[PDB]
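A single chain, nothing else alongside it, follows as structure tokens in the form deposited without the partner chain.
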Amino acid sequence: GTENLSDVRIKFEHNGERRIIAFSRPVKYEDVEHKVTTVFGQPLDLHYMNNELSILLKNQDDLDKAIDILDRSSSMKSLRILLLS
């Protein structure tokens, strides 16, 4: 935190607006959830999205698998997350 002052860049989309927020590894599900609530001023569900599919991320295991997609892809530079109330 203060020490922090390989990150995972998450591109959040909420109501058509996008922004990128970086998270240090290992990325904790509870930390992403907290950052979303803090930044957007309300809790929002995390949906990993590609051009065709989205999947709700329910827990650390789901988040780890989504980050692994990111890490296995040479072209993907951020993790696309659709936020829904």
Contents of the next structure:
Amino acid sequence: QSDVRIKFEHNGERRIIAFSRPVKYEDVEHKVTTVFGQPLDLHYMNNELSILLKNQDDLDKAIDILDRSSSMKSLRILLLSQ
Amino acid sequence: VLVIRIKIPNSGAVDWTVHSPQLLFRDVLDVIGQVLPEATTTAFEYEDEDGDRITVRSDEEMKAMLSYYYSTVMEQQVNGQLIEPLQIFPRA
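Output the structure of the form solved in complex with the partner chain; the preceding block shows the form deposited without the partner chain.
Everything in the complex follows now, all chains and molecules, and the chain you saw is the first one.
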């Protein structure tokens, strides 16, 4: 429990931005808007599986996976247009 | 003391020894422009723990880079591994 690192992927580029805990969905979505210039859907990725994070509950569960993981050090989030 | 290793063409890198004043994203771009004066550089990449190339375009992104680097250095010191500089790769 230090900052949550989110590895955003968008159009062939990756960007890592750190978020202070507790991380709010609204804050992640706002960061996506200011960094990438438009609102974009958050797809949490693990290899061939992914899930749309639609809300605070969804994000919290993704962070729980990150925190329980002995391996993972960032949340990989693929950004796609709604 | 932070050392930033700036990749250059043809098997080199230029090491910049940064002393401690806030290091700004703009300052890194300025140094890259000195080192590579025939290139247009507006960003740079580094490699994360997954080996993924991560593009840096702002101070907030540069801060996440530095935090990662410092964590890595700290672990290396503790576990007695060779400490490497922070390698970056300038970017159009």
